[PDB]
Each structure stands twice: as C-alpha cells, then as structure tokens.
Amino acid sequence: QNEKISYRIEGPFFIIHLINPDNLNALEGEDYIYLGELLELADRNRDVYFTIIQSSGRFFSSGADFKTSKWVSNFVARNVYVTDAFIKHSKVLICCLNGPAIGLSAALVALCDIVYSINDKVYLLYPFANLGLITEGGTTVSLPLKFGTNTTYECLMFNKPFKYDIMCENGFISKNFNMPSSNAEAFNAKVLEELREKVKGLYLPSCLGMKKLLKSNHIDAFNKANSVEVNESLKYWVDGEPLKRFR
C-alpha cells in the first residue's frame, strides 16, 4: 500500500482520500495506478455502492508530479489504466472538490458521476496545448458532454480554466458547500454527513441498476476515446515537443 492516498469502507461508501497536501496532491504514475486499483477494489466489493474520492489542502490535485528513456511508455500506460478504471467502474463515483484540479486528475474529476465543491474558487485546468500534448483521460468525450463544444474549445485550445461560474451554468457541480478552503477536513466530513442522510430510505441496488443503464449511453464513446487519444498522443511524443516543454 501507499502513503500518498488512503482508503476505508463505511457502510456503502468506499472512501479514497488523497492525503498529501504538502505537495498539492500531485501524483506520480504509480499513484494513478494505485488509484485505479482501489477502484477495481471497490468495484468487486459487493457491500459498496458509492466510491467517494476526497483530497486535502488547498488543491484537489495539481496533477502529474514532475521529478533511450521510455519513461513516457509509463506515462502512457498510466493514462490508459486509470482512465479505464473510471470509465468502467460500476459504483456511483462521487468527487469532493476541495480546490482546483489540473491535468489527468482534472480529467478524472470529469469522469465522476457527481461532484460537490468546497466553494466558488474551485476550477479545472487542462494545460495540454501548453505542454504540446492533446486530450487525455477521456476529455475528448467528457468535456464537450458536460460543458459543451464551444466552451470546451475556448478552454482547451487556449489553456484556460473551466472556472466555477461555468461549472454551475452547466450543472457540473451538484452542490456548493461554501466553506473556507482552509478547512478541507470539515468539508469532506460535511459531504459524508449529507450522503448518509440522503441514502436513508433508499434501495441501493436500484442506484447501481440505474448507473448501469445511464453508463451505457456513452460507454463505447468513452472507450473509443481512451484508445484513439493514446494512439494519437504517440505522434506528439516521438516528435519530442512535450519533453522540451517540461521545464
């Protein structure tokens, strides 16, 4: 197991927690892999109906941690594995956004089923054009779907944040808790307090039955997207440009 990311179960809630606020929860390849496996884990567990993903500090995650060298063949394997696990996960994926997210970790927020926000200073940022890359983590599908093509084009092409006012206008954030971003702990605990309230009286196997159908609406497109995003990425690595621009 891993000291940047913890997890526990709590009735129907399998809870994953990024516990490295000092480093703005930047994640390395093996961290993304681990995160992928925790989902595989919650997904086998027959008592779990909701995978909640929380973080810490002032950022949800600043994304990739930057510290023949086909280290990029791991970078790529990273993308595929973790993106696959989200796309396919059958439990209801909930993300507690305690601050900005960037890069692949931002793409993963966009694959979650429900998102809640600590306050209105949150944003998602996809700096691909800036690092001479293209879309990853299913964003080809996930961004236009959840924010619209024209907004997606404005943000991706010109490396601009999908800010909070955009998130509400498109219903991306299912609720804002409007709390200090000093206290991520209380926000994460407030969310789970309410989740515990909302599930009372429900028949949870219905939720999974319902996700099973809703998921079918785009599952093929999500997978197609993951596949072709990776293929086309290689054209960009072999050119070399991404590397020069890691500085």
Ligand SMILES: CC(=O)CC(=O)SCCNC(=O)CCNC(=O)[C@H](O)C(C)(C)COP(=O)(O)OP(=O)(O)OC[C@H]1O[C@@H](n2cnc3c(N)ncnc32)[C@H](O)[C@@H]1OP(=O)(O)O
Contents of the next structure:
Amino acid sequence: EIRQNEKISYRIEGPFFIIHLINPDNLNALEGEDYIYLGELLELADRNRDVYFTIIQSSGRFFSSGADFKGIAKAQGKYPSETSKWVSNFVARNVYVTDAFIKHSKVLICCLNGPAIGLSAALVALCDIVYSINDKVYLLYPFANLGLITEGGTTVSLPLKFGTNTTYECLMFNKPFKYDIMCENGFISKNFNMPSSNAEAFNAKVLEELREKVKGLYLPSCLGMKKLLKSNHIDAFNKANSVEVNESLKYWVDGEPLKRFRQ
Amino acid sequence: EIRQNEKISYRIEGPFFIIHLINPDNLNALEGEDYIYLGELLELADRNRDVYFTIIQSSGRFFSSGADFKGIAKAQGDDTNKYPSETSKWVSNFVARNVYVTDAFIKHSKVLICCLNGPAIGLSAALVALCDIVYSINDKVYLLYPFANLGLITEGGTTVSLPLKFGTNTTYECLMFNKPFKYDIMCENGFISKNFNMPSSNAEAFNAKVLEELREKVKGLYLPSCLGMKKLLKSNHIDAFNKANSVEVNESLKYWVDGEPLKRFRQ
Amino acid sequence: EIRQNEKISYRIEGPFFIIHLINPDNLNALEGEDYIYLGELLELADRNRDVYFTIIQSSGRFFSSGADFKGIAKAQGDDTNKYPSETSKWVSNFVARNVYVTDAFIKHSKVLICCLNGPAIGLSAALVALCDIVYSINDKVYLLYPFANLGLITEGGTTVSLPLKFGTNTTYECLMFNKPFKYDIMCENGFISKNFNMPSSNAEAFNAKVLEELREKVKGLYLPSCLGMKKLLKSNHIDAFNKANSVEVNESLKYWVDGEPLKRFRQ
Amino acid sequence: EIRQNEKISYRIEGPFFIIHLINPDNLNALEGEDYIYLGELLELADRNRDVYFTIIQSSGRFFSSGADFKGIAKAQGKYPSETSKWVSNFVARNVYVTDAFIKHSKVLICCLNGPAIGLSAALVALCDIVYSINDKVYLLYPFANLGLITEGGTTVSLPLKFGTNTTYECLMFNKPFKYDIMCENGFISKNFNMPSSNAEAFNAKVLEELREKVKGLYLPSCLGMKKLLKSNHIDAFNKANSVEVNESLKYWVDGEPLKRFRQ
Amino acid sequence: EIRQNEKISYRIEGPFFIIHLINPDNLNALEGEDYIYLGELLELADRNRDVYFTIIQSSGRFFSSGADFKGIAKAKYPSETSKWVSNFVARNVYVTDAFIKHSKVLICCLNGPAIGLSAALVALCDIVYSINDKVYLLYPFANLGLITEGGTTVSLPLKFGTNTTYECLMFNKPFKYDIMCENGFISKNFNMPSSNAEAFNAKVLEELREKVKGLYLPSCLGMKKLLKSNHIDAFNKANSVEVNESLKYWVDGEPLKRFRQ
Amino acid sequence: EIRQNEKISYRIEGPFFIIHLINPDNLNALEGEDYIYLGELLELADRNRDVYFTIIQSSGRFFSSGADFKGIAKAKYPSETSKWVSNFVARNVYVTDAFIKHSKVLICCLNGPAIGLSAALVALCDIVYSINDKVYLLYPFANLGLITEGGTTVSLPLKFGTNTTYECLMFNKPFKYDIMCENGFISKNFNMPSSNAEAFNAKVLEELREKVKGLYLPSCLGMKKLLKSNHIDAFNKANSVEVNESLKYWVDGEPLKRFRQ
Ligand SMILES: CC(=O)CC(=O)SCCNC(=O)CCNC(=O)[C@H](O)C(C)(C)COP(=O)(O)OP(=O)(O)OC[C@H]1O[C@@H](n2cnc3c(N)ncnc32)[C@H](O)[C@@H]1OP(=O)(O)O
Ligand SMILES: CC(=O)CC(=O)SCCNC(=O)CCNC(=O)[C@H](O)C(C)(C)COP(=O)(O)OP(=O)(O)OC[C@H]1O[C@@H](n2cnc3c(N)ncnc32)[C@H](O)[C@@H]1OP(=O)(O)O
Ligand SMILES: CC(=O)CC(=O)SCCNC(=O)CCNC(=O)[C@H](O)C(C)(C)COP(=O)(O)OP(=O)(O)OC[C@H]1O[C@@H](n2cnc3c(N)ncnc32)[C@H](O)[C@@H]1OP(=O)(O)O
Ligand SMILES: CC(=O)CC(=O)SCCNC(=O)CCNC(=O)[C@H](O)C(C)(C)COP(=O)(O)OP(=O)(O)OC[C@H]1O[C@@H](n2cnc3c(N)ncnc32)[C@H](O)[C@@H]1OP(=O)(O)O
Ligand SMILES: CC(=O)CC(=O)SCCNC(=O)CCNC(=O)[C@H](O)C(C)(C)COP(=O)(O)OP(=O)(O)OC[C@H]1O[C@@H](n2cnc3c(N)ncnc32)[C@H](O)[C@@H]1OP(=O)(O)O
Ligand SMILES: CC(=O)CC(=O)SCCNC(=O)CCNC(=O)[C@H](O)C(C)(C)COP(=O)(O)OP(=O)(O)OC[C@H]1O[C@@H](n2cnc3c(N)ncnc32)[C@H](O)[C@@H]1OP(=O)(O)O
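Can you now output the form deposited with the named molecule bound? The one shown was the form deposited without the named molecule.
Expanding to the full complex; the earlier chain stays at the top.
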C-alpha cells in the first residue's frame, strides 16, 4: 500500500511488478516528487517476496523527457540559503531515487517506448535489461547544455554500458546515444520493431514474451544470480551517487542551470 | 560572505578559519539547518586560498549533544500534508542534510582540527571523527553514538571512521551496546593528539590555548606542503567514505519511516 | 608426471602445453574428478618453464556439454550415510571441486587459449570464458549457462567474466532467461579472436589448423614478454575473480541443499 | 533443526543463539566435520529472525586447540590423487566454515575461556566482539611450524586487528598473540578476570551482562549497523578465503604438514 | 611560458590548447625528452583556466612511429639499472602520469598510425577522431622484448576488451581501424586523404568550434572530473608497475639487441 | 654479482641476506645512487632462493639522516622538470617499488633515528627492532617544502593511525619511541647503548638464528605473499602519485632554498 500518483501507476501480475508512466501528453516529464515516488515503488516491489521482475513501462511517444522544467521554475520562491534550497530540492531527491535503482534486488527491465532524457535516461541505464519499441529510440544526457554534470549514476553506467570514448563524445558535446550505438553495445536486448503510435501494444507484447520466457525457470536463481552480479559495481555506483549529487550543487547554486532551464 | 547564524560563528586569523559553536545553554545541539550551515562554512573555508587550517571549536561543557530533538519533533508535526509521504518528508529532512554535511567534511582540503571541549554525541560526534586532528580539553571527554538506543544506524561516515580510528572490535562493542568511546580508548588509539588537561568550566581558555600553540607550530612550515600531503592522505579512504555516505543516508530512511526513532526521540 | 585420465589427454609441443578433451561420444561431459584433473593439468603446465601457452582443445561436435549429470546422480545416492549432512556432502562434491578448478584457471600464468570446436555449457562454458583467447571452428558455436533452468547460480567466475566480456545487459538477458551467448554476440564483443569457418565434423582438422597458425604467429616473438604482459593484464581483475570464486561456491550451496537442482538434473 | 554433534551444542535464549564447544577433555580440538557443523550452526542462527546475537562459548581450560591432528592422520588412507584428497579434506571444509563466519549477519561474540590455536583461533579473529575469562588467554597461529600458511581469513583479520608489524612478528616466528597485545589493540572488549577452572561460570556471567546490555536497545539497529560495518572489508575477506585455501594446497600436497603433524 | 621544441609546437585558440607534432620526415618518432616535453605541455594546458580542450594533432602520414630508436641506441651510470631508471623509467612514469591526470578534455586527431608509447598515449585520450580507415595502433612489445607501457595494461582491455587485447599484444598484431570502430574507440572517421593531415587537422578544429557552441564548458570539465575517477586508481597503480617491471627487460639487454635488428 | 659501494655492504649468512649501512661519520645520509643501490640489493636478495629474510642494519648513532643534502645541491637538462624527473622521480619510484614488492621477510635493525626517505623505507619493512628508546622517525616534508615520499602516504596511516599521522606530518613532528611502541611498530626494544650498534646488530642476528629454528621457512614466504596483497595496490598507486606530485615542489624551487638553510 502506497499513495496514488496520477502520473505513475503500478500493478502486480504473477512474478512481475509493473510500473507504468501514464502521462503521455507531457512526454512523461517528472517532478521531484515523482522521482521519489518511483523510488518508493521500487522499494515496495523489492519487499514483495512474490515479485521477481520489476518492469518499467511508459506511454505515448517518449519514455520520458526527464525532469519537469515547470516544476524546477516552481522550486524558485522558505529556505535560509540557495544551498539549503538545492540540498532539499535536488540533492535529496536524486540521491534517493538513484539509490533505489542501484540497490534493487529484483530484475529490472525497461520497456523503452521512445526517447529518454536526463535523469530519466539515467534510470534507463541503471536497468538490467532494456527492450526497445523500434529503432527511433535514443537516450540523451544534456548536462553540458543545461549547465549540470552527470546524474543518476551515469558517471558509472555510461562508460560501463557504452564505453569510455563514446561516453565522452556524447556527454561533452551533448549528443544522443542513438539506437545504432545502443545496439552495437548490446544495451538493447531486443528491438520489437513496432510502431511508435502503440506503446500499449509494445508493452503488452513484452509482457507476453516475458511470461513465456520465465516458464520452467527456477526464479530464485534469477535473484541469486543478480545478487552476485550486482556486487561487481555496487561500490562504484554508491560512491558515484554521493559525489554526483554533491558536486552538482555548485552548478545549481551558481544559477547557470536555472537560466538555461528558462531558455 | 554568508548568512549569519546565532548558534555558530566564524572568523579568520591568518591561515586559520575558525568555526565556533556558541550555544552552550543548549549543549550546542544542532538542527538540520545548522548542520547545513556548518557544511557551507567548510565550503567557504575550502575556497579561501589564505586558509590552510579549519579549526572547529565549541562552548560550555559539551562540544555538542548532537541533533536537536525539539527540531526533530518539529519535523514530525506536519502542517499538514506538506509532504506527500513519510518517505518524501525524511528524504528532505534527514537524507539531504546528512549527505550534504558529511560530504563537506569528507572532501574538505584544508587541515581540519577539532577542539574537543567536552562530549560529542550522534551526528556531531561523527563530525569529530571526520576531523584530521583532535585535541581534548581534559580526560572527561567522550564520544557517544547512541544509534542503537535511538532506533537508527551509523551516520556521518562512522561506518568507516570508527573502525578506522578505533578498531573494529571496539567499534562493535560501543555501537552495538550504545557505549561511549571514552577518553582512555581515544588516547589508546591515538585519536586525541594532545590532551590539554584544563578545567571543563573554561572552554574559552582551552580554545585560546589551542590557537596559541597552533600559531607557534606553523612557524617555519611551508603551508602548501600541509595541503599537498593532505591531498594524498585523503585518497587512502575517500572512496570508502563516499560509498558509506550514500548508503548510510539511504539505509537510515527505513528506520525513520518505520517511526521507531520518533517514538524514542520523544521517550 | 600425473595420473592418466581416459577422458582428457595432454602433450607438450615446443612452447605449447596442449590439453585435449577426448570423449566425444558423451559430448565431453565432465565429472567432478575430471574438473579437478583439468586444474592439475593447468598447474603442471604452469610449473613448466618451457611452456608459454596452454591450449585447450576438445573433440567431436561439442566442446563440452558441462557437468556430467549421471555423476551428479551418483553423488546423490549415498552409500549410505557417507556424509553427516547434505551440507557436508555438497561441500565435498561441489564446493571443493568448483573452487579448485576455477582458481586454477584464474591464476594460470601462461597464455590460455581455447579452441572452441562446438558448444560449451555450464561450468565448461565458464572455463572457456576464463581463457585469454578463444578461436572458433565455425559460426554455430555458442555458450550456454543454464543456471536458471537448473536451480543454480553463477559458477566458474561467470559472475565476473560474463559482464566483463559480453556486457552487463546482454549477460542479464542470457542468464536470467537461460538463453545462449551465440556466435554473433561472441563476435560482436570480440570474444572470439578468429573464426576458422570449418565443418563441425572435423574438430581434429580445426585443432591442427589452430596449432599450425600458432607456430607461425610465435616466430620472432620474445616469449617471456608474453608472460610479463599477461602478469600485468591479469592484475586488472584478479581480485574480483578471487572474490567471486569464494562467493559463487558458497552461495550455490543452499541451492544444492534445498534439492532443486537434483530434481531438475533428473528432469 | 539440524543433526546432533556430541562435541558442539547450541540453544536459543531470547535474542541470543548460543553455540557451545563441549569437549574439554580433548581441549575442544575439532575435526573437519566439526568445522562444517559450526558453519551450519551459524547459517541456522543467521536464518532465525528472532536471533540478533550469535554467541560462541567453549569449555574447560582451552577455547580450542585447533584442528584435530588424529583426524588429520586419519585423512591419509579412495582419492585419485593427493590433490583430490586435499581439495576434499582441507580446501572444502576451510572455505566453507570461513565463509560462514565472514558473511554472518548477526553480531558474533566470542567468549574466550582459554587459548585458541590454528583455525579455531582464526575464527575467534573473525568474531565482532571478544570477551576474555582472564589474562592468561592467548591466540596462536602456528602455521610456520606446521608447514602451512594463513587460514580462516587471518591474512586479513590479523593485520586488521593487531597491526601489520605485530602480525609479521607473530606469524613469521610462530609466536602467540598474548593477552597484553590483545588488550593493547582493543581486541578484547572486556576481561572478566575469573578463574580458568570455571568456564561455565564465565559463560553464564557474559550472558547475564549481555541480557542487561541489550535492554532498551532497538535490536534491528544492531543488525543494520553490522550490515554497513561488514561492507568495509567483505571483499578482502572473500578474496582472502579463496586464495588461502588454494595456496595451502601445495603445502599439503608436498607432504610437509603431515610429517610435522606427526611430531 | 615554456622552452621551444622543433618537433612539437603548440598554440591556443579560444578554449582549445592545440599541440602539433611537426616532424613528418621522421614519422614523428619521439625521443625521451620529447615525451617529457609533451607532459610539460599537458601540464601547461591543465593550469590554463581558459583552456577546456587539449587537442593533439600530428603531421604527415603517421601520427607517430613511437620511441626514436636512434635515441635509444644513443642511450656515467654506476649500473645498467641506474641507467635505465634514468633513461626509461623516469620519462615513462612522468609522461604517462601527465596524460592520466589531465583535467581538460583530451582529443587525439589520429592522422595515421601510432606505435608503442605514442599509441599508448592515444589510448589515454578521451576522444579520438581518425583521418581515414587506414589508421591503426600497434603495440609491438612482444617483438621488442618489452611489456605494456603508458597505461596500456589498463587502457587496452578497457577500450578494446580483454580477449582482443590478448590476441593483439601476445602476437604483436595491430588494433586496426575495424576493431577501433567496432569498440567505439574512434568517435568519427573523417575519411580524408592521408596526403593532407593539415586539412584533416583544420576540419576537426572547425567541427569542434561548431560543437562547443551553446555548451556550458565548465560542465564538460565537471563531468570529466567524475568520469576520470572510475579508473584513476587502476591507471596510477599500472603506471608504477609498468615502469618498474619493464626494467628487468632493459637490464637483461633483449630490447637493445632487437631495437638494432 | 653487483658493483661495490663504499657506503653500503652486504653479505649472506644461511637464510639471511644482510645489508649494512656503513657510513656513520655522515649519519648514513644517502645520495640518489645509494638509494638505487639499495633497491638493487633488495632485488638481488629477492632472486636468491636460499634467502628467506632480508635484514637491514646500519652503523653509529643514526640509522640514516635521509637524503644527502650536499648531493641535492650538486644536482645538461632542457628544463627544471626534466632535471627533477631524472634526479628525484626516477630514483624514488625505483627504490620505493623495490621495497613494496620484496618477497622476503624484511627486517629493519633500527640503531638510531631515521629521517625522510630513509625513514619511509623503515616504515616499509615488515618487522622493526630498536636498539633503545631514543630512536625516532622524522618526516620533515612540511619543513622542506615537499610532500609524502617512499609510500608514507599509505604506510604511516596504516602503521600509526590517521590522526597521529596528521599531527606528525602537518607539524613536522617526530614519531617517537613511545608512539612506535604503542602502535606495535617496534616488535622488540633491545635496550642497548647507542654507542655500540655493532653489538646490537649481532645480538639481533643471534636471536633471529634462534627464532627460525624448527620453522618451515617456505611458509614464512607463502604467508608474506598473501599478507602483501592486503595493500599492494594502494602502495603501487601511492608510489606513482607521490613521485609525480612532488615534482611541482622541486620545480617551484622551495625545497632547494630550504635544503640550503
Ligand atoms: C535535442 C538537443 O540536443 C537539445 C538539448 O540537448 S538541450 C535539452 C534537451 N531537452 C530537454 O532537456 C527537455 C525538453 N525535451 C524535449 O524533448 C523537447 O520538448 C523537444 C522540443 C525536443 C521535443 O519536442 P516534441 O516531441 O514536439 O514535444 P513538445 O511538443 O515540446 O512536448 C509536448 C508537451 O509536453 C511538454 N513537456 C515535454 N517535456 C517536458 C519537460 N521536460 N518539462 C516540462 N514539460 C515538458 C511540452 O512542454 C509540451 O507541452 P505543451 O503542449 O503545453 O507545449
Ligand atoms: C547510557 C547511555 O549511554 C545513555 C544515552 O544517553 S543514549 C541516548 C543519547 N543521548 C542523546 O541522544 C543526546 C541528548 N542529550 C542527552 O542525552 C543529555 O542531555 C546528556 C546526558 C548527553 C547530557 O546531560 P545533561 O548535562 O544533564 O543535559 P541537560 O542539563 O538536559 O542540558 C541542558 C539544556 O540543554 C538542552 N539540550 C541538550 N541537548 C539537547 C538536544 N540534543 N536537543 C535539544 N535540547 C537539548 C536540554 O534539554 C537542557 O535544556 P532545558 O534545561 O531547557 O531542558
Ligand atoms: C532452451 C535451452 O536453452 C535449453 C537447455 O538445454 S537448459 C538445460 C541445459 N543443458 C544441459 O545442462 C547440458 C546437458 N545436455 C543437453 O542438454 C543436450 O545434450 C544438448 C541439447 C546440449 C545437446 O543435444 P544432443 O546433441 O541431442 O545430445 P545427446 O545426443 O543427448 O548426446 C549424445 C550422448 O552424450 C550424452 N551426454 C551429453 N551430455 C551429457 C552430460 N552433461 N552428462 C551426461 N551425459 C551426457 C547423452 O546422454 C548421449 O548419451 P546416450 O546416447 O548414451 O544417451
Ligand atoms: C607452543 C608452540 O609455540 C608450539 C607450536 O607452535 S607448534 C603447534 C602448537 N600446538 C598445536 O598445534 C596443537 C597442540 N596444542 C596444544 O595445546 C598442546 O597439546 C600443548 C602441549 C601445548 C598443550 O598442553 P596441555 O594443556 O597439557 O594439553 P594436553 O595434555 O596435550 O591435552 C589434553 C588432551 O587433549 C588432546 N588434544 C589437545 N589438542 C589436540 C589436537 N589439536 N588434536 C588432537 N588432540 C588434542 C591431547 O592429545 C590430550 O589427550 P590425551 O589425554 O589423550 O593425551
Ligand atoms: C614482424 C613485424 O611485424 C615487425 C613489427 O611490427 S615490430 C616493430 C614495429 N615497429 C617499430 O617498432 C617502430 C619502428 N618503425 C618502423 O618499423 C616503420 O617506421 C613502420 C613499419 C612503422 C612504417 O614503415 P614506413 O612507413 O616504410 O617508414 P619509413 O618511410 O622508413 O620512415 C621514414 C623515416 O622515418 C624513420 N623512422 C620511423 N620510425 C622511427 C623511429 N621509431 N625512430 C627513428 N626513426 C624512425 C625511418 O627509419 C625513416 O628514416 P630513414 O629514411 O632516415 O631511414
Ligand atoms: C625546526 C626543526 O625541527 C628542523 C627540522 O626538523 S627539519 C630538518 C630535519 N633534518 C633533516 O632534514 C636532515 C638533515 N640532518 C640534520 O638536520 C641533523 O643531522 C639532525 C638534526 C638529524 C641530527 O643532528 P646531529 O646529530 O647533531 O648531526 P651531526 O653530528 O651534525 O652529523 C655529523 C655529520 O653528518 C652530516 N649529515 C647529517 N645528515 C646529513 C644529510 N642528510 N646530508 C649530508 N650530510 C649530513 C652533518 O652535516 C655532519 O657533517 P659535518 O660535520 O661535515 O657538517
């Protein structure tokens, strides 16, 4: 049991805990409290002994356009200092949600129904397995354009999943990680090659294949294996989370991102 | 330049940035915003090219009794759904403040010296254990980390600093059973570099006496060497501290959300 | 000098210590004692100062179908309380053998080359992934790690080797859903350094052809440089592999003791 | 539920899982299967949600004189090779029991009623807290005298708990870690200063103090704190366990320890 | 302010500190003091607050054929050990360190092949652009009686994979264009003729000027500072071990024999 | 087989390779080439299969007063950087590495104080025995305008604790006998007069001969091999970073000024 959120729903079907971003008119842009909510849903799925897979699905043509810029503007009018304000508004929320993904014990699968940007794209890169709707998906990490730095564990996940040199080209120059680069790095495990106009049919088709794939598997093995796999990089992720959120503060406090967030 | 805080002052004397906890009537108990303020002062000292040493001093008979429990009660009474959930509330009230201040100490590039004028407790005691050098007023100082009694876990990097500075076995005895790290234990582990053996009734004299000795000790030294050496020494455990900070702050959340610490903070 | 094993032979030709799995009628399935024997052969090669390369070759259409399931059934039927508990039994039958052979591969100082003449499965496929260089007979080879289907977890250092050599996401897809790492995936990750594109019906010709090319490739090289370079390269991940070996072998115990794999090994 | 072992008993009193070595006539020397049994008891305590502390107590004048040398002689007469034999008899048992201690999630307390030697002394050094009966206790790691190397995680635990230089003096020259050195390094948290002739009264007195000390504590905090503390060195211990057991093999296979075990 | 070097020039254009290897007749082979000079240039660029990108460009058909073998023959000392500590150890540990710690975005304009220590430096850069599909990297340590240098112990498995690294290093085989492209080592191939490195160099600078427009450059550096921390310890450890372990090879004499022919 | 050095001798007695600093009139101050020579001696002892213990002994009232300041003044080069790479970087990275990797049990007979790089080497030994309670270690980096050397970045916090390390290093204070004994840095104080280092040296060797009786010596080495792996990576990383970061101090000139007076 958890509060309701009109932008994000969830349900459980057998061993699958399914989270659904349901705000396609706003390209599933997320406010701080929505990222927190995502973290709480992961933590709920993590405590449920019948759940073995946590599946993140979205809606419309974008997976998520990232942090809601209107909400960011709203966070500019209560705090004794700029530092205090950003510690509460940015630091807290980013460390919490990134942590929830890093430590999650269930197999985390992203159904990528369209592009993802910023912190939302970081979360995609923290998932264990990614399936794409079609070859038009991309991930964009526009930190250099926003006057920010790496977020959501991307310091670690991008070099790990895309290579160091590619990561520098994309991050330093604000270029997307496109479908081709995702496929070449084995970031996407299956492209479903469905039309962008029916995320819903894509979402259902992934779940249908997943039901077939798990048949006959000893599901506790999935979790036991993930527990060992996670240990390869868990320290690097936790270290990155702390430094990312604290090093980003000076950018917020300087003011550059607020200017740029307001074209 | 920075806002004023009636509980914590600072000044600069030569190469020393001196922070002073100045609320002895409340045993220098600190609220969330005071911890944040401390972090901001460290960051100010860290950016000042004339500063080589950041000296933390307090007042009265306690260094600091830790987090202000009245302020914690404040942060429980809501007004009225200011936060969408208990989780959101504690992310903002506890997680944010702890990760920020702990980080400010962990990364600080100036030599960080604690003048321990009495006992320290909880998160304040964690900040003491993050300092590079500690001087004690007398043999009645102790550090207490009462997490087991409060329904909490390690904070402020103590997951790393205590085993590092006191040994693993001693750390488990103290933390698991809510027992203080007393003067004798501090001295046996070289945690305290000098005991000044002054009366507890004059923190001011102790504070002045440490500053006086420091002015003498720095004479003739090449101060950029101090900082260059610290830069290398810090790299021994920087990763462990950064990893611990993130994990401590997130793992404590379930204790707050469960409610146990609020019950206990209210007896 | 070492005992003989009718399933695995070896010989030395110049700087090459050549190990040959020679039980094609049973797809070179291996029992516990055969894995141990493999470790002993590696240790023999490692002590021979004339050996610079340890080459592992097999026979027939499979490199190895993995652990021999008949032998596993053998190790279930007791005779009759030979072991005081299920735990004791599996410590001796599984834990011991896996930690030993995995360690022999992880620490091996000679250049370890796998001639992949067909598919490999399970612990045998883990040993392939521990080799420094892999050459394939043709594009029908694959590696399968069917742990999820057998009620087991990662073995033979695959916790480390698979994400390292295939990427994390691909590893989770294959391991979580019991899907093979196919030729195309091997080639895309540079796991296979050369595909010889020969028919599956002649592992012998493939084996000979790899040895022939190797004799050519080593000409003019300073062979101690190969070993010196490997010594440094190994240090990149040696700690991760040693940590994984201990954890894999101990964490698998509860799966054996629970009984699930025995059920499944028996269909 | 677990098989019975005439040399080692256990029971549960409230939040305490108490393990008792009960073979004082043989100085609580332990055979391979007894070390395995200890591991299984730890694993049982670890799975019991009412247990917060796992307390290891012994009997008589020695905590344990270490591996039973008669049993070692017995392991010399079935295996295709010396290697196979030692993999089964030594490697398996050492990795298993050392692992059980390294990963144990409950607070592990050793009641040190007398000296400990060899692998038994390694296990004492893996405990979180140690209480001594009196100032005559010592730990001896006689590997250099037996033609062996570090065991039971001592590669890590001894430098960690006693310092590097002291560890080299003791290990290289087969010298004990005596009471004074234990106290100076804070290895012993309390010396009870009771007579060596009543381990039983010592054991009971520790339990009596423990019952008093836990009053008012939030016990899940103890475990939550241990979980974080353990992470400081967990990787080093797991790495050491694997290399210790595999590097010791060549000593067994060479034969030196068997000669020496037989004066 | 720094001494001049006839083989290597530099200049600054806006946020770009541009280093230019300018000895094409000798395939930009470099002597010890030239490697040191490269390090000093990186350290100069690193201290300049207006610089955000350090761009390494070369000349002619080769990026660099590596260490100058005539200079090695050219190389007072109480022992062989002392000699090689001074001639090889010192220089390698210094220049490798300068690249490992550099805080500005390091971009290599790869105008042709690179070999040996020069190829190690290419592998330490953050971004690599190639002139055409004839570029390759060669690490001929096994043929020279040497071992890994310039952080290659770490950079090659990291950027090319472990298995591929072993095949190339153990058997003295090049990392060719195709292998570079499949591992994303090259971020863009400009597909220009090998006969005009200058035009390639100018074209990269032109595209860079376009790509930085609108970016908040301190973000580039802030991000690099975090990214660097993923492997900084491994690189520092490898540098020390590479330089010390190679000593026994030099002292044994094998490389000197082979460097002759 | 190795060159002779008038300041440092060695010999082998059974399983002991004994190195003897024999320049008491100059308090066994060591020049660069002497540090290199020490490294070469360790590497010789390490390759000798009959050696299980490498014992470092000195002469007179000091173990060693550290780097020879006359030799530093004495210290052709295209730049200050090149000079210090060759004179300081090379020598420090080499000798520190020789101690860090040494596989035999390394025992220091501390016959008096040690300073600077020599004191760093003492801190890298596995076991230390003191002549009497007047020994101390001094690391005067802050007074010389230098930083940590010889692996002290790691060895001092490891062997003395972090807080104590900061007090001593930041303020140029000695690690005295009492601090050494409280941290178990000294395994035995022989309590002999400072006027007879020779007798102390002989007495330690005598006790060592007694202590090894009955031990299986390959166990000593097998155990050390594992023990070393606890911190080997940290020491190798520190060596590289120490030697490179000190460069800017030498190049700035401060230490040379101060080394004068
Ligand atoms: C592409 C680059 O290279 C540029 C950069 O790196 S700089 C930063 C990149 N972009 C961002 O950070 C956030 C914006 N993301 C986007 O995708 C841009 O909106 C886009 C113009 C590129 C997409 O265009 P599009 O597909 O036509 O979507 P668009 O019509 O803008 O959005 C649909 C609605 O959702 C809203 N929305 C989308 N993303 C949002 C966000 N992050 N915050 C708030 N609202 C958002 C839009 O404002 C719009 O609302 P209205 O109908 O009220 O105008
Ligand atoms: C056996 C153990 O090991 C016991 C344990 O304590 S476990 C719980 C740990 N304690 C805490 O968390 C810290 C809170 N403070 C204390 O427990 C006690 O104040 C102390 C034992 C540490 C000191 O004892 P003391 O000198 O008698 O304190 P006291 O006289 O109350 O302090 C003077 C004033 O400062 C106030 N104050 C002190 N610490 C405070 C805090 N952390 N928050 C808010 N107010 C505080 C007191 O309430 C008091 O104000 P009033 O006179 O207006 O009530
Ligand atoms: C969809 C998936 O991804 C499926 C999965 O398989 S998950 C379970 C993974 N499989 C295993 O663990 C390995 C066991 N072997 C096999 O599954 C199958 O043999 C295989 C599919 C890998 C190969 O298919 P195949 O060529 O038809 O094998 P098969 O003809 O049985 O082998 C020839 C002989 O070798 C024997 N043999 C092969 N592998 C053996 C093993 N691991 N243990 C004992 N005997 C074995 C066979 O039993 C057979 O002997 P008989 O003719 O006397 O019965
Ligand atoms: C002290 C050193 O420095 C020497 C060394 O390092 S080398 C190895 C050190 N010792 C060992 O490894 C194992 C032996 N441990 C001991 O404590 C020696 O028995 C000791 C002589 C030093 C103790 O003397 P003690 O207190 O009089 O005990 P002791 O009378 O030997 O033992 C009581 C009984 O328990 C038995 N026992 C004790 N430890 C045992 C072991 N590890 N294996 C088998 N049986 C054992 C004894 O054999 C004896 O049985 P009996 O009555 O049948 O003779
Ligand atoms: C079996 C094998 O496969 C051999 C190996 O790979 S192992 C050795 C690999 N290569 C090295 O170690 C570096 C030495 N350089 C070379 O071998 C060659 O330059 C090369 C094979 C890389 C390319 O060959 P190329 O394009 O024909 O070079 P070339 O046109 O001769 O170069 C022009 C001039 O620069 C010189 N030069 C090139 N590299 C040099 C170096 N590292 N040091 C000094 N001078 C060098 C050439 O010697 C030549 O000078 P001269 O005309 O005065 O003799
Ligand atoms: C404020 C402070 O507290 C100062 C500091 O600590 S910072 C500087 C610390 N010390 C150093 O850096 C090393 C230099 N050595 C010394 O200062 C002194 O030797 C010492 C203080 C360590 C001991 O003093 P001492 O016991 O009186 O030495 P002394 O009897 O003069 O030595 C005998 C000879 O050896 C020489 N010697 C000692 N150390 C030497 C070195 N490192 N290089 C060259 N020669 C040296 C002395 O100069 C003297 O030679 P001359 O008679 O030819 O001048």
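Numbering follows the first chain given and starts at 1. Rigid core: the largest C-alpha set superposing within 1.5 Å between the two forms.
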After fitting the core, residue 73 CA displacement of 2 Å or more between the two forms: yes
